[PDB]
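Model the placement of chain A' with the ligands on the given structure of chain A, informed by the hints.
2 protein chains.
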Amino acid sequence: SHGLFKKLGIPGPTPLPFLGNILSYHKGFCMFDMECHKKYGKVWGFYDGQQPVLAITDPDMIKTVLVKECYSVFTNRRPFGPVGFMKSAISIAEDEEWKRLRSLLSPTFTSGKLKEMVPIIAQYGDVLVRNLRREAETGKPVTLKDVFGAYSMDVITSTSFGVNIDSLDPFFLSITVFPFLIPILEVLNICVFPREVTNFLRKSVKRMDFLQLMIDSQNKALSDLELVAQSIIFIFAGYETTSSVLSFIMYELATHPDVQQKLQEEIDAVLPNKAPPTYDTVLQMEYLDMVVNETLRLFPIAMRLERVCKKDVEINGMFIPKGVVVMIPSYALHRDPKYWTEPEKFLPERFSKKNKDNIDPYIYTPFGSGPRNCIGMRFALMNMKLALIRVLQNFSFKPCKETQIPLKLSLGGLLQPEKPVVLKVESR
Amino acid sequence: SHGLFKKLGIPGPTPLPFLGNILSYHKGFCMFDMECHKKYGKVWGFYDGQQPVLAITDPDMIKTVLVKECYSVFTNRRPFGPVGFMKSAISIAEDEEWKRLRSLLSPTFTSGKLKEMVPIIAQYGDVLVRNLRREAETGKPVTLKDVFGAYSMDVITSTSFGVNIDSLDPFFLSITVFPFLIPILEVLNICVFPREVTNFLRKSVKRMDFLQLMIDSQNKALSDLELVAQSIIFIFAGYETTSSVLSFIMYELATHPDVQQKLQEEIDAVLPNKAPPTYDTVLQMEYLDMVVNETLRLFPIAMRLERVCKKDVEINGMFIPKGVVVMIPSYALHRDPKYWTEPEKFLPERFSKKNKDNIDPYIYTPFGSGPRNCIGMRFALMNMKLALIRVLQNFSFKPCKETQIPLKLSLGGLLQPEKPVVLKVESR
Ligand code: HEM
Ligand code: HEM
Ligand SMILES: O=C(NCCCc1cccnc1)[C@@H](Cc1ccccc1)SC[C@H](Cc1ccccc1)NS(=O)(=O)c1ccccc1
Ligand SMILES: O=C(NCCCc1cccnc1)[C@@H](Cc1ccccc1)SC[C@H](Cc1ccccc1)NS(=O)(=O)c1ccccc1
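Taken in sequence, the protein lines are chains A and A'. A prime marks a further copy of an entry chain.
Count the first sequence with the entry's author numbering and you get residues 29 to 196, 217 to 256, 270 to 280, 288 to 496, in order.
Count the second sequence with the entry's author numbering and you get residues 29 to 196, 217 to 256, 270 to 280, 288 to 496, in order.
Note that these hints are calculated values from the structure, not bench results.
Possibly wrong hints are sitting among the right ones.
The list makes no distinction among identical chains, and a pair is therefore deemed to hold if it is satisfied within one copy or across any two copies.
What the hints assert, rightly or not - Using 25 Å as the maximum straight-line C-alpha spacing, the simulated DSS-like pairs for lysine-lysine come out as follows:
{"id": "1", "residue 1": "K67", "residue 2": "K378"}
{"id": "2", "residue 1": "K173", "residue 2": "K469"}
{"id": "3", "residue 1": "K330", "residue 2": "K466"}
{"id": "4", "residue 1": "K115", "residue 2": "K390"}
{"id": "5", "residue 1": "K390", "residue 2": "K379"}
{"id": "6", "residue 1": "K35", "residue 2": "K251"}
{"id": "7", "residue 1": "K127", "residue 2": "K379"}
{"id": "8", "residue 1": "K378", "residue 2": "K70"}
Extracted from the complex, chain A is given alone in its bound form:
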């Protein structure tokens, strides 16, 4: 099974028995793909244990997989287990089960449903400023992801269910070499999500908007244990992703103060006298969008986009056998000098309307693409921008003595910083 890429004439690192190429993950997914992208070029292959993974970097080939041949060949991602009842989660579901869930949950982030959330979100931002105004007086370093995650959790519980609360690898290493053990753990009720975290919610969702828009579309319809599984996906997505990217954004503004002031100038221009950010004023701030896009270029929290080839195909002149996991190294593409001038530098001017057109939307894919892209892309941009407006309207951010500069990425599994992002906060 380890000769599939030698057979197909596809270059790649030499795999070891059983382990495949997993030992190369010692520097993390990001550094591995960046090297592989430089070592072999447009297309290479490797083996996650016994699982062959093909990495494509051709924009036409990427557009073919994510968009053109999604409903037919590349519908589902890499299988993930043990999941239990979470198999019905939309990010985990497959084939016709996914198409039904994606349609049922797609009217949750329409342009109208998001506009109803701006008056609701506008509450915890003041809780966010007032929670940040107390550490301000304390005159000391601040952990951003804590006060951001506390804010982000307040938004996700209310935008989907409406609960108001003031919010104040070790084992997956064996999953990839033992994917045959995944069916074993599914019959033991073993779950990668600890069974006490889910049991805290296997009744809490029954113990309770997105929650409204599910039973209303239940009345070939929606179940109830699956309703809990979608809540878990949304609750995690709105918490961790929003807080993590906001931590990355405030770090870049602190280490690049000129961008922070020019951002504060536009915020006070569209919203004078510290005006409350509305839906229409958020989409007007283009420099805010440029700061958001550039930070997502340097830190695409997903790193990779993956699809399982479900039958033999010959896309863009290359045969791909059945079962191969097609992977797009998003972190590697976002830092390729063959597309980005001085790629390691934070430059929001890449996304100005003077330069936003020299950017392939199949190289810069922080939210994926095609029918399986990030379903909450428009909410996440809105939720973060409403948070950046209300915070930068009141505070400036400076690095501290303990601030990690340059920021070391987590050499581990998911895209996070090694040391938590701490900065000094000053009141305007």
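This is chain A' with the ligands only, laid out in the frame that chain A set:
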């Protein structure tokens, strides 16, 4: 997972944890289905371990699964492992891999390719008579399956490769309760077919008609390790199935002597002076066909026909969820008094042209139905009839003191007799 049939309102025996209903297999598949068919009626369900199995007995519902909705919903059988390289076997392959193999191997049993085999098969029948003429003088009991299997092996090695040779459960119980262990054994090279039997052939096929018609259609084509896997399927199919049914036929002729004489009378009528059976004279003997069909009714070696439901459907007014193994109890249907008068009695007159029309071809399915039926159905009927003609032309068969009457079926896994079939042979 054990409440799927309570949810759907489908009757069936109460399953035990983990085991499901496998403890009911203590009398064999046949007695279990016969009781279930009487206990619940037209449709029931049970659990092979954790695998839900739905048993249908409605001819329209059976025709819908085997024929009408084969290419779409019920393409593949129950997954079988560990198989190794035998996953590419046509009886084991799935989806588009199977459709390619079924088309590539379908021109092997055409009406013309079989007609070329009659002059070749006509050799070992004389080896069969001469091997039976020696025990004749010995004047003692004879094991039919030995001299039939020796004959059947001579035919299968020459009709497909042309090699001339004078040919003179314990562990699957854990497969069904541990289907999660099947992926484990696939990575250990563990095989339900002992690796020394296959290694005896992983080179013997390379160390060597059906074999011709494979490389000629190779020239999206056919491989080589897969060529060996198809040889193993054919070599077993032509040996065990032919020898086993021939053992059943000669037993029924011995315990019903009037049928044996009336059969010998027609053989000498179409072929006077002990004429060599040709292709056209075999299809003329209708009483020979009636004896073959009736024995296959009492002993359908497959017992069951199974299909895996690959997506949600509502066939003939009944919803069937994704993943359910749809099973047709062939042994149970062949003995249902609601279709057969005095079902336990051997009566070839059921298949006379006066009565062959009061028989539903979706109740009597000894070779399956639809695009996935027995690919070697026409060869097996021809191979057996050429053997029955040449043997009944020279010998009569009487029961012995050690002959098992009534014949006890193997209470185990596959449809065989408990004691081997032994009879006395006399020369005409
Ligand atoms: C900065 C914030 C976020 C980023 C960068 C992000 C990024 C992504 C990416 C790259 C994918 C995979 C796309 C693909 O495979 O083609 C994805 C999928 C997904 N995202 Fe997000 N996401 C963010 C926030 C959110 C939020 C707030 C939600 C709220 C529900 C969410 C829900 C989902 C879901 C359910 C999927 C699975 C899509 C499917 O399987 O149909 N994400 N996201
Ligand atoms: C008395 C003799 C035989 C009987 C009663 C018999 C019966 C059957 C049955 C019931 C099936 C399954 C049909 C279904 O699932 O719908 C089958 C499949 C099959 N049979 Fe036979 N068979 C016999 C002899 C043979 C012979 C001589 C061959 C020679 C190659 C053969 C090759 C196959 C194959 C390859 C399949 C798998 C079909 C597929 O997956 O496409 N059989 N047979
Ligand atoms: O549902 C999951 N996540 C998406 C939900 C939240 C989210 C995150 C980021 C962007 N938008 C939304 C994963 C299981 C999970 C985790 C925490 C809470 C609940 C469930 S499992 C499927 C992934 C696909 C995937 C990957 C990346 C982004 C989106 C979707 N595939 S993955 O390779 O195994 C993997 C490995 C390590 C971390 C994350 C995912
Ligand atoms: O290829 C196999 N057999 C068919 C080949 C010969 C044959 C037999 C009868 C009729 N025509 C042809 C099985 C594996 C095998 C066995 C011996 C040698 C080589 C390979 S494995 C798929 C079966 C489907 C199936 C069942 C019954 C009849 C035809 C096809 N499915 S099964 O439920 O697991 C099972 C369980 C116990 C015994 C047999 C099969």
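Evaluation of the provided hints:
In this homomeric assembly, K67 and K378 never come within 25 Å of each other (Cα to Cα): the closest approach is 28 Å inside a single copy and 42 Å across copies. Within a single copy, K173 and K469 get their C-alpha atoms as close as 18 Å, which meets the 25 Å cut-off; across copies the closest is 89 Å, which misses it. Taking the shortest Cα distances, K330 and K466 sit within 25 Å of each other inside one copy (15 Å), while across copies they are farther apart (106 Å). With identical chains, the CA atoms of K115 and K390 are at most 25 Å apart both within one copy (22 Å) and between copies (14 Å).
Taking CA atoms no more than 25 Å apart as the test, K390 paired with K379 passes in both settings, with 4 Å inside one copy and 20 Å between copies. For the homomeric pair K35 and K251, the shortest alpha-carbon distance between copies (22 Å) is at most 25 Å, but the shortest distance inside one copy (51 Å) is not. In this assembly of identical chains, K127 and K379 lie within 25 Å of each other by CA distance both inside one copy and across copies; the values are 18 Å within and 13 Å between. Within a single copy, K378 and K70 get their C-alpha atoms as close as 22 Å, which meets the 25 Å cut-off; across copies the closest is 36 Å, which misses it.
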